[PDB]
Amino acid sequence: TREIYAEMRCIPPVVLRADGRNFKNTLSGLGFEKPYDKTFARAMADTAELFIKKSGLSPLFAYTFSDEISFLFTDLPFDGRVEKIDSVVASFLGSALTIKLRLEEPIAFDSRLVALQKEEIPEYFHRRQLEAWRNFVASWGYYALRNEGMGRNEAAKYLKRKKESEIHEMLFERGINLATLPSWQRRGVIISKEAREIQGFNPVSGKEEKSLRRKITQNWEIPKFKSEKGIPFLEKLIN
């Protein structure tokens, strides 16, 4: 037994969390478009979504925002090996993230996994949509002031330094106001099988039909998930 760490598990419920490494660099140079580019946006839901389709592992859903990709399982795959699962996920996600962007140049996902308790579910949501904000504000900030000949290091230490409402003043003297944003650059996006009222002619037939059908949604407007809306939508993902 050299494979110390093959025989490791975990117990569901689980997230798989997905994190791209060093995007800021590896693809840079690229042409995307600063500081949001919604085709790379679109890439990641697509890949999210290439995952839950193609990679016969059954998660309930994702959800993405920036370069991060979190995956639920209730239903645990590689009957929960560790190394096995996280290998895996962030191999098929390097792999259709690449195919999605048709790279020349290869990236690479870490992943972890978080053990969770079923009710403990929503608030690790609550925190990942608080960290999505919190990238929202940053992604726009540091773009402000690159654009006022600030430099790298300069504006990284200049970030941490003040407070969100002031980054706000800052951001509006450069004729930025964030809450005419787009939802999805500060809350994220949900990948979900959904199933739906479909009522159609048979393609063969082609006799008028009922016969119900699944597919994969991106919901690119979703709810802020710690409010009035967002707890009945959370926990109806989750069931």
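Here, rigid core means the biggest group of C-alpha atoms that superpose within 1.5 Å across both forms. Numbering follows the first chain given and starts at 1. Compared with the form solved in complex with guanosine-5'-triphosphate (GTP):
- After superposing the rigid core, the Cα of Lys54 is displaced by less than 2 Å between these two forms.
- A displacement of 2 angstroms or greater separates the C-alpha positions of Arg174 between these two forms, with the rigid core held in common.
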The other form holds:
There are 4 protein chains.
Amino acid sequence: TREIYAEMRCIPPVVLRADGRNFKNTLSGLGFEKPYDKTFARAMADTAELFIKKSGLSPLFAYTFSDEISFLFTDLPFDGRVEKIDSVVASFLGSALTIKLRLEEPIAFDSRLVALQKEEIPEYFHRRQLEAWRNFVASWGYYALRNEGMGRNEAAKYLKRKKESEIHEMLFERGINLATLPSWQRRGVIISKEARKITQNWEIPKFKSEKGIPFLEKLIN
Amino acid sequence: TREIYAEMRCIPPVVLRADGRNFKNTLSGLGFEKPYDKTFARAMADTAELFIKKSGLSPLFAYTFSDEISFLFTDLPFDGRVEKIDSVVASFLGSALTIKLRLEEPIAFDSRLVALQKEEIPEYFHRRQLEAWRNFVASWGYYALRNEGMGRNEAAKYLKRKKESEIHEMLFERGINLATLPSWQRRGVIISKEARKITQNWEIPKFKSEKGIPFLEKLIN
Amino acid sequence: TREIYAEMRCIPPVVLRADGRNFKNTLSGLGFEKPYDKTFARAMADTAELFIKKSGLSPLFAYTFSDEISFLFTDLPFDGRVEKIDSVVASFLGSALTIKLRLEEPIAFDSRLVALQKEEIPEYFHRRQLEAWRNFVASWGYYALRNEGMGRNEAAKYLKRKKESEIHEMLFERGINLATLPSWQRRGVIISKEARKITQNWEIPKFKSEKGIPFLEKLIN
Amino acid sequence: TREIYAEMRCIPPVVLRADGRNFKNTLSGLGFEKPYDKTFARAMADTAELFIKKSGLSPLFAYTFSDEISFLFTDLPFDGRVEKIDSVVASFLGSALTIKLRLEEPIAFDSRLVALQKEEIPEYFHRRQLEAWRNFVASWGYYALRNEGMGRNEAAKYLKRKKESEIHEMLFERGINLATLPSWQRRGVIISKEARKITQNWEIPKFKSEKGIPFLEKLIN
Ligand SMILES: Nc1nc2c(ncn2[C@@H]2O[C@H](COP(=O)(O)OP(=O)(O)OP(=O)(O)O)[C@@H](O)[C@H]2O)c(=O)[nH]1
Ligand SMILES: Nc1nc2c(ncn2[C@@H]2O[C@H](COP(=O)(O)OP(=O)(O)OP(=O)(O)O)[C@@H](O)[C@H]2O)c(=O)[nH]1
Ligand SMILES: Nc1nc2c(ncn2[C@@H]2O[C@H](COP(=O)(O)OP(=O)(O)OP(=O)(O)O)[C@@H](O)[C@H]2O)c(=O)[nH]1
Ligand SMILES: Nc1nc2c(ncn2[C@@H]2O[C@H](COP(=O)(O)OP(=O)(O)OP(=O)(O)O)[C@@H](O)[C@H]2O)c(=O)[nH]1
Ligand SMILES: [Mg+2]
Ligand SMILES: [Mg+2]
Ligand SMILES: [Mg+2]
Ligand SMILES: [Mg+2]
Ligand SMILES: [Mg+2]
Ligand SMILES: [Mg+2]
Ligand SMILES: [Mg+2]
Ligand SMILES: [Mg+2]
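Please give the corresponding structure for the form solved in complex with guanosine-5'-triphosphate (GTP), as opposed to the form solved without guanosine-5'-triphosphate (GTP) shown earlier.
To see the whole picture, the full complex is given below, headed by that same chain.
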């Protein structure tokens, strides 16, 4: 039995997180608008929808931001076989996104299982939302720096020195109010099955908040 | 650290085997010739070549047949991390094949690592070649049945009941001598870097045989 | 990094189940009373108590029956490292039991992690209790058969043919009422820390029952 | 199937390394000679011998030093199941050592599988022997410090600061020439079946050396 990891398994509930491999370069090459591009974001949400619709697996919902998607699973696919789940889902995502962006050169996602207790499920997504936000700010800050005639290394360097408030200040000065930028850039996008139509929510609440908590709770059941 | 399998690793030498998931249905739509179609076989060999060419990983070679490819790895990618290797390679394969076949609907590979001792490396491929043969015959048997007015299930029962000799005889009666068919249908295709151009060998020797042994031995180093 | 499984981890809550290796033979040899021996049972409960008291790990409680002990863990030891947890706990159990039975020849436990959702924790132990019961009956039936001048193989053979009721009948006929045999033989023994004194309960309720449910619920918190 | 790691396996050749857990404290009570004690070393070699003799498993040989033993396995026990192998072997070792030292308080080993290519097998043991040496020197350094009126922490600081030459010099000044000490303290002990009696070699060659190479090579076959 040389296929030693082909037995490794998991238990419900689990979260599959797939992240685009080397997407910084691969998206710089093709000429995507920076720091955000609604075509790419729509491609990713459409990828998630297509997964929920035609993968033959049954996630409760997907949450996507940046170059990554997370699928909540209660019903485990492939008997919980980690290799099979990770590989198949990553492959399907690669194919789907390749279709949706009409790519001429191949791309790849990485995938990983996150084992969780049910009670922990909101926190995880909260964490992820936070990360999304932390991308948002940085993504714009960085941009502004490059627009002010800065080198890449210098921009990263300076970007580390100042914290979120100072970045807000810098961006607000130059005409960019981060609070009025679209919801999906700072909070991400939810894709879920409802009573059955698959719907994309592009205006989701902040998870750890008054409207966010029952929202997530209703998503999870 | 909820990402429990994200640290799990392997050791050289390893073989990554990716197998097309449910390729029967998802690819049936376009009308590929049955039981073998050089357009699909060329697509798979092209996928393997493209992997060797632009993945940024370094397999020694690929061996492909049916809907599957095996990559020999001595230099392990991603520090030998099983999740990352399986997911990323499967994903890249999905993307590549989606490009080469210009697919409108998404597909997926499953992937798995096969842990091996160097001494076992030839045997594995021999095993795989054997499987290829077992595919070959079977693939034709079924086909013949379809031309002779058979139900799919009807085709399954008989095919399971009789062994290779009687099947060979049937195919010869129904007009098909398997010995006149091209080498790659029964032996598969090798993709490797040679004297340096990446080359597809569509006329490979039987691995466990007098000309096959030094061939494989030179492939592996 | 040749120590590939040294990274494999888990998440709370988990149950460690250790089972005496080849204990049938090893206990037949030393001359333990069959089918139950309160000296061995006391040794096992004392082993569990000693584990809770001096292992330096922190299970919520242990449940023991036959040649096996299960430890409920909420606080995970050794960062959840499966190898380290299994090996260390198995080793400690071997040592402890070796002390308590004053053994001249070495013994071993096997160990395994059971990954569970909190909501599933009662069911598991219920399952185990059921198994305990299924041992109980069989253990006596078997005994009776050997007492009626039967060979081992014949006794097992016949034992499979009849179900629990018929066994109850057989044993009740020969003077043995299974309902009046001690609680620990049919329900097992609980060992837990209380507000801190470690106490052994040798008269536990049936878990799936009116008195059993709040009992287990109070054990788990 | 909540027992998710219970299927995880490995491939030959493998090395099981068991290391005494917290042996500093738990064994300190009896008053073992420091920094080395032939009673404990004999106990460990006896444990390895007893394992080879009555475990029912079949290692090729054991190598032991300090509080640790390594077993070379080509024939894998328990179908190569990692949980079962680690837990059972660790447990047996705990029991055996508990018997040979006649302990009143329980002890534990941790265990781990080391996956190796045959070509790597000597190197591993070389590495281990190196570790043995690094133990040896250090073990004495500390000791000397204790005789020269040092705090434990005080002993740690200096010992970390200086490298082997200066330490050698210190020990020579404080009366101890390490070259006159017995071979096993710096090289460890081998336990293997020989011409067939199970034998303990307490005078083994340096593994990576002219006489060591054919020695190890004959041990491994
Ligand atoms: N231009 C552009 N870039 C994007 C967009 N969304 C995500 N990205 C890129 O995605 C990256 C997200 O960080 P990472 O996932 O760590 O980047 P990566 O190259 O994929 O790194 P790895 O996944 O580890 O290979 C950012 O650096 C962005 O440049 C987008 O909408 N437009
Ligand atoms: N028409 C056609 N079909 C092919 C060709 N090559 C492979 N296939 C199909 O691919 C299938 C391969 O079977 P498997 O890989 O064992 O399993 P699967 O059908 O892909 O389903 P999975 O278990 O998810 O992999 C066969 O049933 C074939 O029908 C081809 O060249 N032409
Ligand atoms: N005489 C006697 N035997 C007992 C007692 N408790 C448990 N056993 C033995 O323990 C066995 C329990 O079944 P198993 O755990 O599958 O037996 P095993 O030999 O340990 O099998 P493995 O664990 O797979 O190696 C029974 O066959 C009993 O004979 C006892 O109190 N007295
Ligand atoms: N007195 C005495 N102590 C020994 C002897 N051999 C080994 N030891 C002790 O065993 C310890 C081995 O250290 P490690 O195996 O690295 O770690 P540990 O102290 O056992 O703690 P763990 O990390 O749980 O293994 C040393 O600190 C020694 O003090 C001996 O022969 N005599
Ligand atoms: Mg990325
Ligand atoms: Mg990312
Ligand atoms: Mg397939
Ligand atoms: Mg196939
Ligand atoms: Mg047992
Ligand atoms: Mg048992
Ligand atoms: Mg130790
Ligand atoms: Mg040690």
